[PDB]
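Participant: Listed here are the chains, written in short residue letters.
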Amino acid sequence: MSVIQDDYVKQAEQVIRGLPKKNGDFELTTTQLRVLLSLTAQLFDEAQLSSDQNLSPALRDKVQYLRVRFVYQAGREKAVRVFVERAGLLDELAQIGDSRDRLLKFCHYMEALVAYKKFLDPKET
Amino acid sequence: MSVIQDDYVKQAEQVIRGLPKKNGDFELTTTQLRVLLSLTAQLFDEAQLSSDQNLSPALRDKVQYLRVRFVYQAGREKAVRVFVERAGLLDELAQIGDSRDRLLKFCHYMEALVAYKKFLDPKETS
Amino acid sequence: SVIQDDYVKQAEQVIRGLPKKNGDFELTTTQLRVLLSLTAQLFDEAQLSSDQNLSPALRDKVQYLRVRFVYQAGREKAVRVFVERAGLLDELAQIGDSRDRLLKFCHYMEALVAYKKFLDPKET
Amino acid sequence: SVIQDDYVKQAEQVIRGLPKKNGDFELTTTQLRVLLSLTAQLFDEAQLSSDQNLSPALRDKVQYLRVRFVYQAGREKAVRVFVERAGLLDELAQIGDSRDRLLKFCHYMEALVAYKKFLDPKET
Amino acid sequence: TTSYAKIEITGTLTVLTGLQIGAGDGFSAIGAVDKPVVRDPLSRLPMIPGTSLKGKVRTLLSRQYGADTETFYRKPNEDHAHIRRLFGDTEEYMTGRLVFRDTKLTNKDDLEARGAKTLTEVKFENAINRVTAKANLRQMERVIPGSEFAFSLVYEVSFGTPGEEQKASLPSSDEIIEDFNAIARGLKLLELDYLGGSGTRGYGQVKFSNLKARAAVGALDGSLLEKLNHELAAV
Amino acid sequence: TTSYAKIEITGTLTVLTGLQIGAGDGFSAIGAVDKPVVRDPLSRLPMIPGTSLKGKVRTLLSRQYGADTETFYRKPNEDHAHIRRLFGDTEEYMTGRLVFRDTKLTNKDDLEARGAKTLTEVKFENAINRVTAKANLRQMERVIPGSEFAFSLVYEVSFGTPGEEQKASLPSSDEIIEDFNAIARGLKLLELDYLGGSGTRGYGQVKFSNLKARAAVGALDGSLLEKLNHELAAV
Amino acid sequence: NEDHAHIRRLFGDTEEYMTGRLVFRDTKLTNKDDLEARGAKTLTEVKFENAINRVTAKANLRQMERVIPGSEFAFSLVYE
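In the order they appear, the protein sequences are chains A, B, C, D, E, F and G.
Just so we're aligned: the first sequence equals residues 1165 to 1289 in this note's numbering.
Just so we're aligned: the second sequence equals residues 154 to 279 in this note's numbering.
Just so we're aligned: the third sequence equals residues 169 to 292 in this note's numbering.
Just so we're aligned: the fourth sequence equals residues 169 to 292 in this note's numbering.
Just so we're aligned: the fifth sequence equals residues 20 to 254 in this note's numbering.
Just so we're aligned: the sixth sequence equals residues 20 to 254 in this note's numbering.
Just so we're aligned: the seventh sequence equals residues 1079 to 1158 in this note's numbering.
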């Protein structure tokens, strides 16, 4: 019951090409997601060095906090709300109960949406 | 004891959905909780830096002031009155006592209610 | 001394025992807004002060507060049952010159107007 | 396929036509050092394999390299012109289950950086 | 002009009828009225925030210039070139030239020298019905009419923001007179108005006294500071 | 000079009106205002960065040196030769002789003893539409007045970057007093101006106290450390 | 190679004192468990800076990453 279609690079291109543009550019920039791309790097570098097949309760604690920080950021921003509901990130964060393998697929799918975000439009240098 | 359940993020989603409507747009705003959210953040920044599992007497008299500002704020607003009763914030504040990890448990549950309040509500988002 | 250590628990039982008419709570929160604006300024200068013993000016202001609790409870039947049940005229005689007796009194006083609005309708 | 036969003279066509600014060039090999190290660790591992179909442990190494080319081109201006004039991003999308298709990309990538450094007196 | 300068304009602001700026609205004390006033967060003194003082004078000056030229200025950045010169905008004059300040109460000891007990009074008001007259109550808090505030603002003389297609220059000494003439014209309009609050029901009548200019940084042109003190002489 | 030295200027920066150095983002995460302030990631205290204090003083000195010489400096490589040897550029004086430091709030326990429930206040401002007379509320956060930060600033006496066209030389005893006069002048302009944002509407007034120089490394002369303290006494 | 003789015998040069007597080491963060106990989410902070153009008064936002204050590194140095 995942949103990832086992390719996740075509799917990460089917999201950024469908984002609602404005008169000039996209309504979503990458400076609005810096607080969420900094918390997802701490989950990647912690779950990678773990040898177990299920998450530690100290590692499972900071997935609930990333789940709450996504809801708060999507609540006070219109462009982040239309981006979270398009990719399917808040429904996927409730699928990671304690699986290390389903947490690593989220971090691969997260940075395929950032790579095409820098590429598909200017004003990202 | 323990009016906050584990997996509190699922408990906070059902609290905000169970609020009165008043023509769609909610009766409760986050501006009515502004004097309360600025005191819980000061309490969370002082309990986190501590180390002992028992609260200092300079920290246990800021919990008693916080649970007397909740009662006064729920008395003169009817939108805040039902939200305090629906979430059980006065019963948890009386049962904190002196432990460090029933105060940090209260503040993590407090963040999830404000996070779901801005998400499930239009006439917001600026 | 009458004020306990956990003053919030005993300030709630005072409000539950106030007298009531066919409605409830004949004493309102507008009948003592001239007593609440004098208490809320004694709390400010006592907090900003640094010395432990009170000033001579910080005793003429406490002594003026005690003549207003009798001049307002005299001309009001609802107020004088509240002052005698909460014991506000007994506590103001204990504060001779100690600062922490004042701040413990002003914390207990503002825990009475918290449960005065919460334990009834008719106040917004 | 986008890669033509005798890619060595195709690779000289790409480096000869580039946005040469007021200096010599505008693209430097220090701007693609991260890409040149992930390719060299892929060519030196897919050559030592035996099966014609690529392993699933090598299938996700092509996927991380494809995301890496997309992120670098959108970040740097002078490397965005290089990846489309040479046709590199529409070449990584074809290597699904073929070992020899991976070697055609890596052999063509080696000839591009050889003429990149030889045709300017700034790099070495 | 000839050099860089900063001009300091000091004075005194005294309150004639009871003032209620009232931008607390929840942040204030627990034993307080429904609509409390702005206080200092440490010393609990009543205050004037300086954003209300700047926005009121810009609103009164946009109606004086909008009645002499017979146009309605719909929003800022559409104001006059004399209001957008000393107050800021976001189009061609990007910064002010006028720095307002927050103002605490000063004569606290002079009020307790007389017979004043609280720094803020509490006033009860009524709303009567024009048939079978019944009334509902409200309580208002306002600063007492003996209070005095230490008014001050700074004025800067420099190149400013010249724009991408222009040749930068300093404002001449004839232009500093027209800037100071519009300040004292905008301070005489405030003595008829009410500086925040109810106002039309008798609140916030205010008075200015002892307005004088200095030269805090750098010298002036000469025989120029005394004719800036004459524009401020008629308030 | 014929020696090497490192002089350290210490003092106290106090807060008169409320100060807001914004952060935009930066993880407050529980019901925070739309305009927060810069804090510390571990101690969670309000702080003043070294970029805000260096960049504000440099632009105030380029306005003064620029208007007194009738030249508008449009980039920091075009500044005066007394500005670029103190703050640095990328053509001739490669590194500046001054090192600014970040400051944190010191008197937290002093403010909590005098009755501060929070270290930052929340201010409710309100923009009024000129057509419909409606209300556009906003919430702003700022450091309360009375807060006090520890100020520190280092100065260096060495060869610097003596490029190939010139020979190397220590600064003489007349160039060091010429530099400390520009430091004391530049810190006196900040007291007649603001720090941070929203300063034309009353924010961010500061004041300097107890400025004193001290030779931490090396040997100065006998009548040099009393001439450098004579310059800092005018602030 | 033009430094003082006291400099070139501790740090080394290529003409007289071919190798230095001091051996420096690389150091990494040690109190990583002490920082996370006191409520530090990430080991680095992202700082937002600005560069105001003096002609048009416009902002130029940049983002810098830096190690937070309070960190500790186990210093080491060997002399021979």
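Please note that the accuracy of each hint is not assured.
Taking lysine-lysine and the DSS-like style, the derived pairs with C-alpha atoms no more than 27 Å apart in a straight line are [said to hold, decoys possible]:
#, chain 1, residue 1, chain 2, residue 2
1, G, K1136, A, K1226
2, E, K136, E, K54
3, B, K258, G, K1119
4, F, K75, E, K73
Selected chain F positions facing chain G (in silico; Cβ < 8 Å) [unchecked claim]:
#, residue
5, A42
6, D44
7, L61
8, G69
9, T70
10, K94
11, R233
12, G237
In case anyone wonders, no lab produced these hints; they're calculated from the structure.
All residues carry an ideal CB built from backbone N, CA and C; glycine is no exception.
Participant: Which numbered hints are broken by the structure, listed smallest first?
Facilitator: 1, 8, 11 and 12
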